[PDB]
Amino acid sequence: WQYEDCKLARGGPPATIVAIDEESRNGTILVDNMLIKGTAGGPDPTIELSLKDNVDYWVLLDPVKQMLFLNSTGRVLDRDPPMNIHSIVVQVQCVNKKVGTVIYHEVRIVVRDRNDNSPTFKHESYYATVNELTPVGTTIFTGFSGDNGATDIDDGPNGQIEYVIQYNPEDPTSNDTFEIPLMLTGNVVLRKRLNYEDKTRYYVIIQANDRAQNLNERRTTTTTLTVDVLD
């Protein structure tokens, strides 16, 4: 026999590691049961449980059930700029009332990024110019360089941008005449010969999408590139 109140009733490493999504509702359960040997509730508790290093009171303990809750009434657990909370580390202090001993059990909460932000274009519209003698294959727009196009505050794939020309019902030949062969630059290339005398102006719908790993979680935004033909 050893009297081991305040020890974990589990193997694995000493730290308890869990994951939640950013923007989880108030009262989200982080840990169902800490599995600390002893009884914190009731007539004669054997242990006293408390939280140390609980910066900004993001975590709350029900000591009877050894349940940890997310405390976010009137705030958002946001992983994206400007809040940038990627994890939460707190210490569950256990005091053994009978022997006067104290121990910390660490709890690492990893905050997973959600695709909660869309690509947003820096300008309402873009403009390019092409001489009608420009050869097919020539790059006629690079206006997205230096983050002058779409940006996405999410992290990793959720924040990475792909640029794709859409069919424009107001200008049907525009998506036949220009292409984005490299969807990560959004540089626009001429696909067909121009003729000032037939058409002086094109309206090119460009859609930016983020690269979320689940296709039906992807967010998208639209801009118009106006292309003017020069003679």
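Only residues modelled in both forms are compared. Numbering follows the first chain given and starts at 1. For clarity, a rigid core is taken as the largest C-alpha set superposing within 1.5 Å between two forms. First, how it differs from the form deposited with the partner chain bound.
Taking the core as reference, just one block of three or more adjacent residues between these two forms has all its Cα positions offset by 2 Å or more: 1-3.
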Given for the second form:
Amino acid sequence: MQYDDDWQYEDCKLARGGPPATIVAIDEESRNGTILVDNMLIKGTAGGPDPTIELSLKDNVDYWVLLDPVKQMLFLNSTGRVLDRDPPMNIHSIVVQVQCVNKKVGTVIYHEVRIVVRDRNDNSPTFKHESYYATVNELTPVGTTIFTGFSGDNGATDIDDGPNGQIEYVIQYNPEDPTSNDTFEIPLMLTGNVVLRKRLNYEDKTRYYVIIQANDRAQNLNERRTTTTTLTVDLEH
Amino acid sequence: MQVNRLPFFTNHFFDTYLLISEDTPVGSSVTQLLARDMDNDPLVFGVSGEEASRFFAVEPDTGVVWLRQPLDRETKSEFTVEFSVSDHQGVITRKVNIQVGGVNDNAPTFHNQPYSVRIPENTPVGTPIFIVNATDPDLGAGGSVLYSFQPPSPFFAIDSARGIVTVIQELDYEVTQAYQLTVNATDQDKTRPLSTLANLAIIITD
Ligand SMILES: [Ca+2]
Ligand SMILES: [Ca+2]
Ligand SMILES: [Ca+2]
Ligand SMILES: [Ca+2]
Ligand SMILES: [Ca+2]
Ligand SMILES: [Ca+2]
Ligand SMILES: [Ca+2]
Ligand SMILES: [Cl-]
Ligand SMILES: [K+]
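Next up, the form deposited with the partner chain bound in place of the form solved without the partner chain?
Below, the chain from earlier opens the complete complex, with every other chain and molecule after it.
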């Protein structure tokens, strides 16, 4: 006879095995109405004309989450805004509780939902300045580093996380100054420091327009983003 | 001459999270770091930073990650750890979000003990006379408390969800002057429920 009534306590318990927290990942900047959890799998029926449970959200900071109690589904609520993982918003995860009240015995169980927000490559490299400049003496030896102006966030930065936000620098051929990519080199693409590759001649040529492109390091080559600047190099006598 | 190209991690958990159950035994492998190097350089792996070096260790030649001390979801539900990989010419690092998985590993703790109450012998049947409370920090069913008397009393009942104690049968001082009842607070974990006992003294007056 003891524990004959334990069926009364079943509603509000998980209708699945596995760990108590429900953990999902969703892309940053997902559209309003995006499904966060397809089915909470909680035993019992919320809503309808004869519910055995009541379901509601607790600790729903900034109301990112919306609950449909009948389907036990959780959705993103982002109308008039965006779920942004990047600075300045910095939303890396959303944690909410699905409170379940068992109507028959009045017990309350909290089912935690942890939503990990994944970074998208939605930002391009941005240069701090619109253009860059270097002055080099004509007698500068070949192999000398002549520009280091991308050091310490003075060059291109990228607000995404991981390789999405890491930059590589490369010199491109300049059809309006064809010898510039032959006279200068960026041998270490991660720094974008520029080194002299050919001997200079002030009596021949006094200015170079070096086209430098910064790209991020997204895993998918077709999702990489690029930005271009010009380094103007002037000789001094 | 080819300049050195630094290694890069390939694990997909860096793009999301790595879930590790709090009941994972110390010494257990939790994952294996994977990396590539365009020079085909042999790679050496490590853990980097304070909180990482605390909980994890890394086999340097294989990248196997293992638990150096226990996790505890009740203390820390998630944290960020930085791993390193090196081709002996440069070291690169990358951070991963660790989500700590819950299991039922606490019993409930009672509030406001000791429990004692004096009631007159003519307290009517149905009268609520006391409220017991206990909390439990585990997630979900493992954190939801049920109260009972062990064994049940023919003179008092306790509401299983609310902890309210009521008189259910007429009292008689000359027969019984005091009751020492055991209250059980249990969580509702399916596989490993945990519980705690408290005494409740009910003193009957004149
Ligand atoms: Ca963004
Ligand atoms: Ca980017
Ligand atoms: Ca991003
Ligand atoms: Ca290498
Ligand atoms: Ca624990
Ligand atoms: Ca626990
Ligand atoms: Ca517990
Ligand atoms: Cl837990
Ligand atoms: K970045």
